[PDB]
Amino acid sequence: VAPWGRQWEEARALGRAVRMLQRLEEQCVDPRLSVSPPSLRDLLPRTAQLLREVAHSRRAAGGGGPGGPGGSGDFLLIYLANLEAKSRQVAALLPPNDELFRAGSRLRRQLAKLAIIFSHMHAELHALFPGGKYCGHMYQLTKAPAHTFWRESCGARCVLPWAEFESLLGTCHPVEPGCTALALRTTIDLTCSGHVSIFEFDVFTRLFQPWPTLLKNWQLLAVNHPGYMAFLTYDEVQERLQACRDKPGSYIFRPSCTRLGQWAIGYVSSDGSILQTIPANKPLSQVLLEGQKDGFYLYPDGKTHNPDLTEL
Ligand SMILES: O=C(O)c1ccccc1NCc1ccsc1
């Protein structure tokens, strides 16, 4: 059943993935590294177990629903190829005690980004295959307009190549070609696979609500805002805000890695301490404007001028 070519090759790819994550977990013995999410030391066994559940489920089912691009088999082919490529990059960073960082550092930034991507891959798989059971054809996006767009444009498909997704999105929210399209791909493609899944679109539309001005929100909140930090961990935000400890009201924001679709705002309190706040269901600009009115969110990344969020 397409896109797989031979009978049992999806099963074999799943077995490969599990064994690869087992080895990769063996390479994470260093008691440094951290436990602060996202941590490979816990994500890797969780993701391996999820893949074991997927494998058992699709063996019993033999294996998926209708074949073709955008269904569960296609999703798994791309997902497992991506998982393998990212695992290879991680394995190249880790030892045969690991390399000392002590970051700062280019290398601990790379490793942190890979950890984030592993957190995103885990969440995507968990969202689309709860208990190992594919639900992409029934998946409900949180924002109703976004749900309606995805089902009218993409149908039952749970994943699309960037090019087709961009064409479909652009019938509704036009995407300026070139650098802007590439910045949008980078924001939306949480797993860094060059494909957009229904889960990634769910997260993007929750983060950059409200729907009618979606890409405007993204431009004002991500592209044009110096407080926005892409692919940053909790620990990295802490390290970054240390340098603004003497400037209460310094703040940065980032998509949470643990509560996907929600924001995490780190800021310097009037005590010089670093606090994190995760807003409710309000759009981000409302939380930021109220925090500016209240004195908490005055200096994005410690800079003097706070962008005006009234004007779209
Ligand atoms: O994919 C599945 O396992 C699947 C399972 C149940 C219902 C629909 C499904 N997929 C539709 C599809 C396939 C290619 S494009 C759209």
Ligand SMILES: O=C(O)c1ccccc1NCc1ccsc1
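Here the rigid core means the biggest group of C-alpha atoms that line up within 1.5 Å when the two forms are laid on top of each other. Numbering follows the first chain given and starts at 1. First, how it differs from the form solved without the named molecule.
- Rigid-core fit between these two forms: of 261, 283, 64, 45, the one residue whose Cα shifts 2 angstroms or more is 64.
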Contents of the next structure:
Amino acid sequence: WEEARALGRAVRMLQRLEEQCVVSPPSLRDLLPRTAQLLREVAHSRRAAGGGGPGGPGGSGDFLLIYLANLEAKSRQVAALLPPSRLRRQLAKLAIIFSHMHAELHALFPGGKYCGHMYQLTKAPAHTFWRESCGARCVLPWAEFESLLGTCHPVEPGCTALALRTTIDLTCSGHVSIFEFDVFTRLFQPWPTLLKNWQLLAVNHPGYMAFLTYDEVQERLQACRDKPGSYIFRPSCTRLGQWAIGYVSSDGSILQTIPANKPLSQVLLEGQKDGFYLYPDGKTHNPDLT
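Next block: the form solved without the named molecule, after the form deposited with the named molecule bound:
Just the single chain follows, nothing else.
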């Protein structure tokens, strides 16, 4: 069967990369063997008589077809860069993407065993939307997903929709999994104003940084070290669905805040009032979040 062969090809490509990579999270040296070990687990479980969950479009089989083709494409990108500033950045972005691919596979096939049909989103309104719109499916192509989301939260076609796609699609696969929609709706809660929240915080906010690691943001914030109240906020790529707010304190040290149940807009507005989050990316413009 073709899925078994494809799983073997993927495990081999991850081993080649792992050997070609011979530090701080996300690290390809860590992620490559971890993802391979998970795929070996998936292969074993797919031998079982049941365990595939509801079939058809967007089920476990479809998820793996799309996931392993994308994992191949990203692995080719890494191989083409590795030695046998630009390079550091390209390998950082790809490490973030691998951290995303690992987290998604772990969320949906923990221990190798599919749970995409049972998976539950963090935010209840978003969970209901997914199960009502998408049913038992764990993954959709972007164009279908943009249509379904639009029954509730329509986005303007063109550059805005494409920006939304770039934000939601953590694995850069062109498909949205239930795990990606969980992360997105957690980050940009609350549900009733979901895309307004995303517009105000991730398209029109100079403090937002996507696809940057902890080390890259520290390097960025150090530049602001003489402007206390400077801050940037990014989605964590190691603790998916959480924000990490990096900020310059009064004394000039770089601290971190992690939001919990409060929407980001509330955290930033309260941190503005308290005088902590004042100059986004060190810029003078701080957007009004009411």
